[PDB]
Amino acid sequence: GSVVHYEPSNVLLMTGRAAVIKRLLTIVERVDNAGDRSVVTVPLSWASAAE
Amino acid sequence: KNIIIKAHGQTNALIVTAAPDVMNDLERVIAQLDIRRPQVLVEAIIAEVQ
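As you go down the protein sequences, you meet chains A and B in turn.
Positions 153 to 203 (the UniProt record's numbering) are the ones given, in order, by the first sequence.
Positions 305 to 354 (the UniProt record's numbering) are the ones given, in order, by the second sequence.
Be aware that one or more of the hints could be misleading.
Short, incomplete list of chain A residues facing chain B, as computed with Cβ under 8 Å [said to hold, decoys possible]: (1) 199; (2) 200; (3) 201.
Over 12 Å on every C-beta distance to chain B, these chain A residues come out as not near it, computed from the model [stated by the list, open to error]: (4) 153; (5) 164; (6) 182.
Derived from the structure by calculation, the hints contain no laboratory data.
Think of the CB as a built atom: it goes at the ideal place given N, C-alpha and C, for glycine as much as any other residue.
Take these sequences, add in the hints, and give me the full structure.
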């Protein structure tokens, strides 16, 4: 069956079977879609900031 | 770091380039430090005989 290798370009490759494709596509698509970095701020009325 | 107060003297106004968050502790104190002042009239008298 398939193998798995890393390149510094983050290629993610495999061969496997065609049914395996479904399960693994679904794997990464769920695990990568788990809320990666996002940014948001909050202003402040009167209190100190750096403190 | 610190609070650096500078005073002008030529318009008679002063600056505050210090903390940008607790300045309120300065507005209150200067507001309690700028106040009209009453003045008093003193007269003394003396007299004698010889």
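Taking the numbered hints from earlier one at a time, note which ones the structure violates and give those numbers from smallest to largest. none
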